[PDB]
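First, one chain by itself: the form deposited without this ligand, in structure tokens.
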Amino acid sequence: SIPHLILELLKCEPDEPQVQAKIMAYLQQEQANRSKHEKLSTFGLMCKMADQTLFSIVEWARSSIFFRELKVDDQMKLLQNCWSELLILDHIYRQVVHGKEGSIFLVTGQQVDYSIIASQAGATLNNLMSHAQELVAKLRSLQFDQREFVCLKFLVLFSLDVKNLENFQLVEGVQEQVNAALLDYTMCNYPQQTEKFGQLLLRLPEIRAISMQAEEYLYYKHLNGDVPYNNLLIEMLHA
């Protein structure tokens, strides 16, 4: 039915209605606490929402099985290695589960019409969101489920390519065991999709491609002086 390991990963999933409410409240109070003289721009609010999204990802990781056993230095190295990929994967899965045609479901728990955000976003960001939507559609066609999602998330987080980790053994172990569990799970639960395991893994390079697009966009905003100082996403980029 379900591998013990996957069940344990799932126990660490965030409380989504709580995260949604928390981020929504933060963004509301931020606008509120600002006087008419200092109201935040659209990009400004996008940046704050993105920061909060990444804060919640870090919070998730910190409390998660396996990751919580690592020294803070190793935790930073893993997150530094995959932060943009986790942001994209989080966004994509949110759309897989909650998305409606013509709309984007935000981390705040709200649907926004796609044409509205795309009008504000411009060509570059619209291209990125469109790429992400094609992956959403692909994952839906594959019948991507939450068990597979959490496996991919841990594979992204515990990546072999992380440099200078002290406890690399955990990366080795998580990689070996989560790949094995994902295979067992997909073969058991989706017997009619004989290639599902490999098809899910092949989405990871695509997630990485979208994350590069995101980093590029962020970097050009930063070159333009548009990204506020100590925005976490730009701090992650600065490395």
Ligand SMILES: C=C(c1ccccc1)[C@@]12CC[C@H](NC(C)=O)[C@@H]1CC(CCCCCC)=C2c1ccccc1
Given for the second form:
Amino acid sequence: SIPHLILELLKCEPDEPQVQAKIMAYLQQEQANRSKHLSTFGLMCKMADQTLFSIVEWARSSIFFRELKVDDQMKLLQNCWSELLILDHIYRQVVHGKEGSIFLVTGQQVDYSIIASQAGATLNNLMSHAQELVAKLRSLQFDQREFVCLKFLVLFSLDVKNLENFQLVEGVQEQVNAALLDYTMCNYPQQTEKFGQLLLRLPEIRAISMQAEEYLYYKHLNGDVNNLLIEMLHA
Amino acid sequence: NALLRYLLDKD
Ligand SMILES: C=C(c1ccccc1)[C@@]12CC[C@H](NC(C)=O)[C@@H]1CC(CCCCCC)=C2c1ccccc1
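So that was the form deposited without this ligand. Now I'd like the form solved in complex with this ligand, please.
So here's everything in the complex, that chain up top.
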């Protein structure tokens, strides 16, 4: 028993193993071409850059989104690209995560104490707030159906202005919201709080991602980061 | 943002 709409969003999900194998392959070749004479932060920028390519390809092929004109498509992705990265990170730790470890889009597992040594104070703070979201979502039994809904609520955001077809963005927001409310009610009838607890995470994810952008823009002006990641920071 | 428009249009 699943609303037809949530099924339509599920069929648009990419094959996770193939997205991850591709990113892993790209990063292997890049390191092969480098002479011994790339910081860990630089590597993560490369990894997130490749993740943005697959996010664009996903959205491009997704229901509703593929009906928007290119200009409207660009405005939506420029407003939520960072939220989608952080949301995919969070869901990655929910499914595969382990305390003291961070699972990357490449399928690799890394120790928290290794990363926390290098990330710096600001990223450690943002990573910590994300982990607190992980633990919260894990105790709620965050599943894939609820995940794809939140992905579309992030993508089709009401904060996006100057759209030619704002009616569609508003319609998707409304119908995905109604389906999630129905899905949690039917499949978790004993969790009155689940719906609200899920939606209350979107503002938190927004804050983490907007602060992550501001930090990455700072790191770029510092000369610490030209690819898709840069283009999205400036736009 | 030329790169983003290209990724949305390319065949
Ligand atoms: C937004 C990110 C990022 C981080 C560093 C540089 C560029 C982009 C992600 C978003 C998810 C991506 N996942 C990857 C590369 O596997 C990124 C990696 C990640 C986990 C921690 C690694 C830091 C070592 C220097 C990020 C992140 C998660 C929560 C809060 C803030 C940042």
